[PDB]
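Visitor: Okay, here's what each chain looks like letter by letter:
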Amino acid sequence: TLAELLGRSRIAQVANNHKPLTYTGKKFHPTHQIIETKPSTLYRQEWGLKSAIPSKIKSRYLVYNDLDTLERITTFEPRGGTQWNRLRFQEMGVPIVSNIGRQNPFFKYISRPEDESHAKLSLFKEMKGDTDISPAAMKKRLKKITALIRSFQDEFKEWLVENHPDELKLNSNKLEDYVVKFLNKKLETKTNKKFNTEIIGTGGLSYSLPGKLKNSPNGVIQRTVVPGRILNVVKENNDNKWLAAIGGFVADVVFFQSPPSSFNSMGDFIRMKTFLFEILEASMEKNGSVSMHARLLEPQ
Amino acid sequence: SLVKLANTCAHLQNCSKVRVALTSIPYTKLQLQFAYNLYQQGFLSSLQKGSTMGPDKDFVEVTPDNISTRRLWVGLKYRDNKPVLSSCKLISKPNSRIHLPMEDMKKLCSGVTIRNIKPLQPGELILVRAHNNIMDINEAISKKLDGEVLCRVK
Amino acid sequence: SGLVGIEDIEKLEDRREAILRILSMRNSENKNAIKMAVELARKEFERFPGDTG
Amino acid sequence: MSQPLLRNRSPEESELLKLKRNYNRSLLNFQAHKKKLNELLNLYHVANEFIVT
Amino acid sequence: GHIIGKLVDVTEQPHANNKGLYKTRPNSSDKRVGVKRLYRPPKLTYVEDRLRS
Amino acid sequence: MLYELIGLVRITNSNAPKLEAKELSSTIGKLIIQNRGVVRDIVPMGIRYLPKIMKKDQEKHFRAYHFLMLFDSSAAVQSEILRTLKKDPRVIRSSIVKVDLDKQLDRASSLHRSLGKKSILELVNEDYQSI
Amino acid sequence: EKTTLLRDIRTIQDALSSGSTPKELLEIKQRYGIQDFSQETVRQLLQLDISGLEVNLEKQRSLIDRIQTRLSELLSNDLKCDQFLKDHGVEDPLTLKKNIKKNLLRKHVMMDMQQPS
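Chains as they are written, first to last, in the UniProt record's numbering: chain G, 2 to 301; chain D, 2 to 155; chain H, 116 to 118, 123 to 172; chain A, 160 to 212; chain V, 54 to 106; chain C, 1 to 131; chain B, 120 to 236.
Bound-form chain G, shown alone:
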């Protein structure tokens, strides 16, 4: 049918997005899907959207929100520059590593309940992970849940007197433990936030596995040298490290011992010059940012 075809169409494949096309806050990862048109289609203003893109647009990449609007225009920005940030990261050949030594999210590992010993930490995270929830929809998590949990009273009024009667007659320190486990055991079958929207690992920035060496005609590369730019002429206030702009990413640069004298000389125009850096490590934070650490390699 036409409905089945539409669901699989290339326009349907792009997930709905109404995020501001002009965002002036902190950008940590791509927010809009880049759309690309071939040169032949660009010559005919064809982008696979509802309407022809204005001929003024010479780029072959754009990002859009709405196919059409009440203003009879498409809401789009003729830019595709997050792809070059990803490709420049690939050229630096620095694998993303976990600073906490967690399991690789891209491998199906056999995990155990080692961290499941915090059942009361996360079972209540469902009601306590409400940092940005409505004052009454969050309050609907109190009566709606109370009835659901209160429907298991008979089950827990028999299991507890049949599996741990001593605790019911001695102390509740262990009873509370049996309660946290009971709900989770009766909730694993349930589907509360069965889909987790948190970023998985690198988020797609890099699928490179650590360990491989870079062979070169001049031997194996031991230190990665990448051109960059120093943004500030004074270390980040309250931090012992300056900031550099390397390959579309802002990194924290650690200097060997001293800061080169071009800093004082250049001053606030230090960003006008290019220095050579060494990328020590690259980490991923939960906000979806990349924590790139560099080192200002100076001619010596």
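Don't read these hints as lab results, they were simulated from the structure. We put the CB at the ideal spot given by N, CA and C, even for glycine. Among these hints, one or two may not hold up.
[Claimed, not checked] Here are the simulated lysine-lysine pairs, DSSO-like style, with alpha carbons at most 27 Å apart:
1) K150(H) x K56(C)
2) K118(C) x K121(G)
3) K162(H) x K179(A)
4) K145(G) x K177(A)
5) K76(V) x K195(A)
6) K195(A) x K154(H)
7) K117(C) x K145(G)
8) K84(V) x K177(A)
9) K50(D) x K59(V)
10) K55(C) x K150(H)
11) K118(C) x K140(G)
[Said to hold, decoys possible] Chain A regions said to be covered by chain B (calculated; three or more residues, Cβ under 8 Å):
12) 171-182
13) 190-203
Following the hints, position chains D, H, A, V, C and B against chain G.
Guide: Frame of chain G, contents of chains D, H, A, V, C and B only:
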């Protein structure tokens, strides 16, 4: 209720102007008889019992439990960019009811204005109610019945 | 499940006195008194339990 | 056209209808009664902090 | 494949609801004519859209 | 009815700042409990500087001890308390606002409700189950 | 009578746990009529009507649910329906209409769950 019938006649005119193919009217015996006459005379394409949400696909017995949610669904006809049912007006009004003998009904169908009722025009349908049954005026004249002249449809 | 003793009766009597002062009709709004009157009147005239119309 | 416009409720259907309607009214009265007692219990728990003497 | 224009009658809801009450009469929503829904272009939805997001 | 009194007592003696406030709370509390009333809470608010220099009984004030008193009484008793407060030279400013009890019997003071604690049970249960 | 329920119930629970039998108890056996002082007599002095309502409501809900399931199942199986009618005293139930016979089924299902109970 003649008031309900007036509401239906006005409703059908409104629907014809916008050219909706399907609309609903209140579910009552008078409304059903009125709609059935229009259907047999070729003013309505379809006549189905249903609910407030739409015509019933399978028979749904009407009881006090669902009577308040029952509706009659009628299909309007349009040919050659013109509505087949252009006008629908009452003759006998709630505040002035008109009962005519069969002799006066024959005069109305013969070009004579009776009690200010304009005579029957070519291609027009005038309905009459006699003993709670609705029929065309020509049929009432055939059965020698006296009745209330309810409405005229064109 | 047992093996702070019990509360003095004078303390339990004061808890009762606080509950009866808070729920006293003589300390509440006049509308609450009228609501009670409506219930009393309804039950003297109802045809059956639940007849309100 | 031949179908009857309305079918009256059978005496049995009216009996089951009355059972459900009586149950609906009774359940709401009970649930409101229990809610009030649960509020009276939560007020007893705090009446030790209230002053009447 | 959702059906448009179908009204669920009280006879089709014999069991109690999530509140514990039986439905014995049509509600206000059931008594409003819904002809407009027959003519409003239906909103096309797909499960795949949820996974894509 | 539940009422919330906010009174600004005068600090005459800098050595005994919380003296007239204690004497006043006892006077008001005794009126309430001696007329079928209940005193639910007494929340001191401390010495604060008045937004301006205020006057009362041919005297001027630049500071006052703020205190809140949540009490349950009848309308007639509430008006009697307000009349005594408006006449006492100690009291600089006094306001009595009704706290609606239509939906729940146990309401905390506005100060506490502003902090998310809606009932006195929530305040007490956070001083026993976690203290 | 200055005596209060709480105090009286605190003597019937201390005298029953200490063995003392002051004449107050005999009086209390007249104030309340509770001749015997046991743990199952204070529980019957403090009974609240709400408790009875909670059980009557469950019986009411049971009856409705049972009547509906019974008739629902009976109608699903025409063979078990025809037998059902004959067993209850219907003559040739097979030769009956849907409405003329569903009313009999409803009258019987409500005569097998309300008359036997």
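Visitor: If you test the structure against every hint from before, which numbers come out violated?
Guide: Violated hints (numbers, rising): 1, 4 and 10; every other hint is consistent with the structure.
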